[PDB]
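Encoded as structure tokens, the following chain is the form deposited in one PDB entry, with no partner shown.
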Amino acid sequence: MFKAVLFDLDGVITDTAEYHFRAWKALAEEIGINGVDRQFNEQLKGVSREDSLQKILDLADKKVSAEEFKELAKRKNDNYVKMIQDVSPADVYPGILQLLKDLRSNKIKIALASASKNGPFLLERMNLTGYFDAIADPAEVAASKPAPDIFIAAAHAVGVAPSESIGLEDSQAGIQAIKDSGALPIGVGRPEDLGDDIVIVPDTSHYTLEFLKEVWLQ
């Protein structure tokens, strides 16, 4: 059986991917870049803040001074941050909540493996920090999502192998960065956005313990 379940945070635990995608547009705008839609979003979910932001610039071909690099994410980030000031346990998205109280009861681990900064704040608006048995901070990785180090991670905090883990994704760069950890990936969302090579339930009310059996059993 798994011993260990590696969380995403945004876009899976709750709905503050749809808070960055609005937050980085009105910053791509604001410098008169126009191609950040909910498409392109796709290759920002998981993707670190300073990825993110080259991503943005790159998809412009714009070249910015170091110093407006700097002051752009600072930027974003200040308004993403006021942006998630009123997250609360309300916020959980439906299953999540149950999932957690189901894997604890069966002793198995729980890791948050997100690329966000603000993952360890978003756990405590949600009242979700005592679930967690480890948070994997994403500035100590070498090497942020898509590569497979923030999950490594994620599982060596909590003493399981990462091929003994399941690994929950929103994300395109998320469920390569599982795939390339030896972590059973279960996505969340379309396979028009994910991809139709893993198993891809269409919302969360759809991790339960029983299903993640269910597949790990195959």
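Numbering follows the first chain given and starts at 1. Whichever C-alpha set is largest while still superposing within 1.5 Å between the two forms counts as the rigid core. Compared with the form deposited in another entry:
- For the set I186, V160, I56, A153, a Cα shift of at least 2 angstroms between these two forms, after rigid core superposition, holds for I56 and for no other residue.
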The other form holds:
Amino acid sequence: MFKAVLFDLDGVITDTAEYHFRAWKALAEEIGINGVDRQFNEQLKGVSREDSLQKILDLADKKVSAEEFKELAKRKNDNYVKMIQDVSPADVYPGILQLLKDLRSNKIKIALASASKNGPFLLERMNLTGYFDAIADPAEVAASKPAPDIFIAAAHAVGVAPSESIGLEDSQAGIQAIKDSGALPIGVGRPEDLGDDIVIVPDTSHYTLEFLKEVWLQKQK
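Condition change, the form deposited in one PDB entry to the form deposited in another entry:
Shown next is a single chain and nothing more.
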């Protein structure tokens, strides 16, 4: 049986989108730019801070200096840190808490393989820290997803080879990283987005220990 589960954070454990939305909306209002609504922020999913800021300035056809741009990006991050203080166990996605409990009670290792530089804090806010055996530090990988670096690091940090592990991901780049690490991917979402050659569940309530075990056994035949 698999010895570890490597968890992505955003789109698997929780969603940070509302908090990023709040942060951009606060910044936009401060500098007097209309149009930063929930719909607009949906289009920033997966998009870098710098590219996102440019999209906000584009709402007002606005140009700024390199220094001003840097300062605005910093201010957005300061806003985001404020907004995520309100993260709580209510933010945890369905099924995830029960899965973490079942993995730990069965002595299966649990690691975080997230791009979030606020991962440890977010886990603390959601009361999940005690379930995690390791957190792979994104600041430490030479290459981001789809590079497998972060999943390899997560597996190694809990004393396992990636080949002994399952990775859970909501993004196509994430699924690729899991595949190229040697771990077994189980995606959450749709094949149109993630690919047609992996096991996918429609939402996280399907991520049960029983299901993960069935998939593991089915995949080594």
